[PDB]
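**Student:** Below, each chain spelled out in residue letters.
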Amino acid sequence: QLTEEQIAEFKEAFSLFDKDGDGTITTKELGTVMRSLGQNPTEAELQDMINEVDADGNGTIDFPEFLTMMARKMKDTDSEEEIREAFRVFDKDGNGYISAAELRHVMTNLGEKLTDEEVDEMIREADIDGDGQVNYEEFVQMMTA
Amino acid sequence: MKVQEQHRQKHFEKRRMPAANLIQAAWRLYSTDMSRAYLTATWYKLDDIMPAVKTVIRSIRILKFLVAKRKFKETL
Ligand SMILES: [Mg+2]
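These protein sequence lines map, in sequence, to chains G and V.
Everything in the first sequence is counted per our numbering, starting at 1 for the first residue and increasing by one.
Everything in the second sequence is counted per our numbering, starting at 1001 for the first residue and increasing by one.
If we strip away everything but chain G, and leave its shape as in the complex, we get:
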């Protein structure tokens, strides 16, 4: 269901990682590109990223694995369920809603904290009516589309 040029675009991205052209992405080539953009992953973080898509076990990403990952993104059944389960952790009533204030609170205080401009863009992307509640189930449907 991927067009021939849609594949050529993912191949171009893969080739940016695969600089030597041996058809694989190692932690070296993944981290080199990340740090060229100003990011600083640890070696362990690079191993975890590759292990998520390495279906062979040799510690590399080949183009078939890369292509499938780019095509799926977040649009799978398991992603929709687990992201919904993440929002539920901050659902006190178990009603599928969370106040925009509580959502802003957890996003800017837990984990990889969002900046003020990031969480502001997230709240604007959801809709608020009445008691300041957002229907996060329709919010994860929007992200996983």
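Hints in this document: simulated from the structure, not taken from any laboratory.
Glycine included, C-beta positions come from ideal geometry on N, C-alpha and C.
Certain hints may be false.
Chain V stretches covered by chain G per the calculated footprint, using a threshold of three residues with CB under 8 Å from any CB of chain G [unchecked claim]:
no.	region
1	1017-1024
2	1048-1057
3	1060-1073
The calculated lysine-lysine pairs, modelled on DSS-like cross-linking and capped at a C-alpha distance of 27 Å, are [stated by the list, open to error]:
no.	chain 1	residue 1	chain 2	residue 2
4	V	1054	G	19
5	G	73	V	1045
6	G	113	V	1002
Sample of chain G residues lacking proximity to chain V, with all beta carbon distances greater than 12 Å (derived) [as the list claims (entries may be wrong)]:
no.	residue
7	3
8	22
9	47
10	57
11	127
12	131
Once you have looked at the hints, place chain V with the ligand on chain G.
**Tutor:** Leaving out everything else, chain V with the ligand in the frame of chain G:
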């Protein structure tokens, strides 16, 4: 009794950090295709000459979302 309740409140609070990480990684991945951060003349031009740069950035955020999803599932 009540210690059993404050234990599951402590086993549940261990999920709140990985749950926030999953939501944050999911949102940052989604925002790659719609954020005002990329709605500048610089990114439109950069996306015109070399669209691979933005695709590379998205591939990295997908990999981070996948890692975050696993670590959240490992707290179940
Ligand atoms: Mg290589």
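**Student:** Work down the list of hints and note, for each, if the structure agrees.
**Tutor:** Quick rundown of the hints versus the structure:
no., hint, verdict
1, 1017-1024, "holds (count 8)"
2, 1048-1057, "holds (count 6)"
3, 1060-1073, "holds (count 11)"
4, 1054/V x 19/G, "holds, 17 Å"
5, 73/G x 1045/V, "holds, 25 Å"
6, 113/G x 1002/V, "violated, 33 Å"
7, 3, "holds, 15 Å"
8, 22, "holds, 18 Å"
9, 47, "violated, 10 Å"
10, 57, "holds, 16 Å"
11, 127, "holds, 15 Å"
12, 131, "holds, 21 Å"
This entry does not satisfy hints 6 and 9, going by the numbered hints stated previously.
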